[PDB]
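Right after this comes chain A.
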Amino acid sequence: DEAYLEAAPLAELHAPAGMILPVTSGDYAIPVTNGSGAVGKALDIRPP
Partner candidate 1 sequence: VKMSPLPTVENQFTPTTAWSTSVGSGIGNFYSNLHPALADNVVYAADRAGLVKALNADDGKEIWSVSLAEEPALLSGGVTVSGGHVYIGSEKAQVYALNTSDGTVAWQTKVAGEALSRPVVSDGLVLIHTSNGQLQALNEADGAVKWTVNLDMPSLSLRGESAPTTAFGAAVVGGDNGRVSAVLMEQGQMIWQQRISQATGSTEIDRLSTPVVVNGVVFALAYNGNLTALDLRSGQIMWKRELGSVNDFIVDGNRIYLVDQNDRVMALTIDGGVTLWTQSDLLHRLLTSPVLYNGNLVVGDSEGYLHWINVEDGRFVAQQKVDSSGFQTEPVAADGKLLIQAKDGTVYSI
Partner candidate 2 sequence: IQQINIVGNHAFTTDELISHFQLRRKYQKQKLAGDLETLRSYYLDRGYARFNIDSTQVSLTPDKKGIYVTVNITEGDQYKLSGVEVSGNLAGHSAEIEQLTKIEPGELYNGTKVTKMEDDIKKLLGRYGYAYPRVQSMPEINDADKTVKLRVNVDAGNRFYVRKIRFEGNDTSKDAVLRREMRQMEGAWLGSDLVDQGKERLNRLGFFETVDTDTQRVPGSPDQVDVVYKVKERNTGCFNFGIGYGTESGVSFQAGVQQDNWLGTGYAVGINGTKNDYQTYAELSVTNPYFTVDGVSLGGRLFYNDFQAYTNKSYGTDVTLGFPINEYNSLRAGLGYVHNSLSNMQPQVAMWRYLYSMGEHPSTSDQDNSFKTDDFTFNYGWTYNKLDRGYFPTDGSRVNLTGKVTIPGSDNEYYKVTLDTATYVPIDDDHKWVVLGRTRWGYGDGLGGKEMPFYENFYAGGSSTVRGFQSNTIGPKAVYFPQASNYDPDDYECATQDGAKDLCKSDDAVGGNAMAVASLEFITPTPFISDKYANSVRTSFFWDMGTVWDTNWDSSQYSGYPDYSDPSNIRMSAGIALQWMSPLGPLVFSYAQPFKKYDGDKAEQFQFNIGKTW
Partner candidate 3 sequence: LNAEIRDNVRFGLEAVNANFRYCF
Partner candidate 4 sequence: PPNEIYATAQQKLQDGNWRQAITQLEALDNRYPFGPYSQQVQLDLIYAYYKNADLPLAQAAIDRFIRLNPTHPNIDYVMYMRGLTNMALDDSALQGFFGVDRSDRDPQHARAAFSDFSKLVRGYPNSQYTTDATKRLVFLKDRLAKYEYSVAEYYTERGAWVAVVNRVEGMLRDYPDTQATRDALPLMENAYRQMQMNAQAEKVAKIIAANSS
């Protein structure tokens, strides 16, 4: 299904002015992309 396209947006947290949050891991790091391709039912998933 296309339910994955309804996932909520992500948003970074900030510190309460004077104490930090633990240093995060390098896992589950999502790179920034352009978004030029199609999604969901608009994609061709047949072999080329």
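How were these candidates chosen? In short, all candidates are chains of the complex that A comes from, given by their letters.
Before moving on, here are some points about what is shown:
The definition used in the following text is that a contact is a pair of C-beta atoms (placed from the backbone, for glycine too) under 8 Å apart; a residue touches a chain by one contact, two chains touch by 3 or more; residues count from 1.
Checking the candidates 1, 2, 3 or 4 against chain A in this complex, the single touching one is 4. By the touch rule above, chain A contacts candidate 4 in their complex via residues 3-5, 7-8, 10-17, 19, 21-25, 27-31, 33-40, 43, 45-48.
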